[PDB]
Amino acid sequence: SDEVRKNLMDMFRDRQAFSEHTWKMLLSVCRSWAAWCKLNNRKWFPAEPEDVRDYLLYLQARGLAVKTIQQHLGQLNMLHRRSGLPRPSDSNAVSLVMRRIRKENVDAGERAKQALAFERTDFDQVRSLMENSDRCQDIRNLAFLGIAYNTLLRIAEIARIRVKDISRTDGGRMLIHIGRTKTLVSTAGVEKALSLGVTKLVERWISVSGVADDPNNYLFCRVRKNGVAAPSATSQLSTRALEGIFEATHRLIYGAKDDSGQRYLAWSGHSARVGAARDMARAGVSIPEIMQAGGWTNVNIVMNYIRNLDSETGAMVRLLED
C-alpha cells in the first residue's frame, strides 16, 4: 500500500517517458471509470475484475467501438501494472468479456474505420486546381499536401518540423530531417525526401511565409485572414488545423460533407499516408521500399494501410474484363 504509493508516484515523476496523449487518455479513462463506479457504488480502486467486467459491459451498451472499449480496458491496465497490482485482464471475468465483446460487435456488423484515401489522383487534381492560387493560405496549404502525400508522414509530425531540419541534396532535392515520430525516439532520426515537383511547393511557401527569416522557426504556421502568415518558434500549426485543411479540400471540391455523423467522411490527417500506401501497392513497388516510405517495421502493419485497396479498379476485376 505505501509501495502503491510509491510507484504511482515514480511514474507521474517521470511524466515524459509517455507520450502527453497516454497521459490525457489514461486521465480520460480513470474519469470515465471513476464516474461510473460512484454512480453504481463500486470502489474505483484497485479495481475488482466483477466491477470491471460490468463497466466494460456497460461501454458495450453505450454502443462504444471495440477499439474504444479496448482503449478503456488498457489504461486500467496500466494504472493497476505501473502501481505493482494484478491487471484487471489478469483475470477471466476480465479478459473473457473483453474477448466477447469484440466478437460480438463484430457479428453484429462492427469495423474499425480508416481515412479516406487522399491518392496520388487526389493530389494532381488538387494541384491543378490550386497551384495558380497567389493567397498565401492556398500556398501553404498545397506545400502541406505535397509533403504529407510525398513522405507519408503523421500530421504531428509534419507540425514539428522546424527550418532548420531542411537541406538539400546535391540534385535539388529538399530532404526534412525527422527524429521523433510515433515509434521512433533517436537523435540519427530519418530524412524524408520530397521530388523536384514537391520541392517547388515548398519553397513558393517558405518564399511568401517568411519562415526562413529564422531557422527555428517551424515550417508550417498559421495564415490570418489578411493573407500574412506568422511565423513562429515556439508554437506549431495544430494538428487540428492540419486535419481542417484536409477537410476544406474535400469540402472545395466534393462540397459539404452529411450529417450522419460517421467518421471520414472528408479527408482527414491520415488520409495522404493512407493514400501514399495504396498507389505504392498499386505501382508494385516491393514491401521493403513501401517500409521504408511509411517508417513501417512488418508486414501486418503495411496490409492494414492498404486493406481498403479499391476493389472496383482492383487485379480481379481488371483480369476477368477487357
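Residue numbers count along the first chain shown, from 1. In this text, the rigid core denotes the largest set of C-alpha atoms whose superposition between the two forms falls within 1.5 Å. What changes on going to the form deposited in another entry:
Put the two forms on the same core and the Cα of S19 is off by less than 2 Å between these two forms.
Given the form deposited in one PDB entry above, produce the structure of the same protein in the form deposited in another entry.
Next comes a single chain, given without company.
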C-alpha cells in the first residue's frame, strides 16, 4: 500500500526512538524470514498466517529456543503493527502454533537458562586474589566486579558511567547516577550507592587510571599490554569487554571453560545480578528492598534467579531438623 510504506519510513525516520538492539534484531529476523520465504517461495510481506506458521515450525525444527522463536514472531509483529497492518499473531494459526511450540519444547525438556551466579562468596575470593596486584588492569577489573555486585547494574549500564556521574554521601560513600537502564529512560534517573569497601576499590582505579582528569571521561576504559589506561569521553569500554572481565576472572580461578558449547559455563554480564539477588534472599532482605536493588518492581525473576542452598539446603530442612 501507500499509507503502509509511509508509516514504515516514519518509523525508520525516527528510528532513534527505539533501541539500537531493537533494530539490530528487526533486521536480523527480517533476513532470516526473507531468506526462508524466498527458498520456499512465499511473499515475505505482508506475511501470511500459514507462512509465518510453517516458518515458526521450521525454526522449531532447527532446534532453536522458545525465547528465540518468540523473538522472530515478535519482530514480525512489530513490523506489521507498526506499519498499520494486522499482526500475524492476530491470526489463530500463528498464535496457536506459537503456544504449541512452547509447550512441546518445554515438555521435551527445554528450559531457559540464566547467568551463572557470582555471589558474595565469590567476590571476597576474587578480591583476596587481586586486592594487591599493582597491575593497572587488575585494579580496574576488581572495581568493575565490586560495582557490578554492589549495584546489580547491567553491563551496558556500567559501560556508560562517566566520572561526572559520581558523587558522595556525608559518610564518604560513592553515589553513581544512572540515567538510562533497560526499563527506564528519564532525566531524573536513579542513584546507586556503593559501600565503603567498593567505593574504595573504585577510588584506587580512578587515580591509577587517571580517568578523573576530565569529568566527561567514562569511568572504565581499556588498559593496553603495557599496563596503561586509555581514558576517553567519546568511546566507552564495550560490553563484550565487560563480559570478558567476568570470563577472565572466572578462568583465573577455575581455568579453561569445559569446551561443551553450552552457555553460562563461566561468569558473564548478569552473573552479578543473579548472585546479588540470591545473596539478599538468603540474608532475609524484604521484597521491596530486593526490588530497589535491581530496579525491579515485580517479585518474579528474583524468584527465577533462585534455587538456593543445594546440598543440605535450608528453610524446611532447617525447620524440620532442630
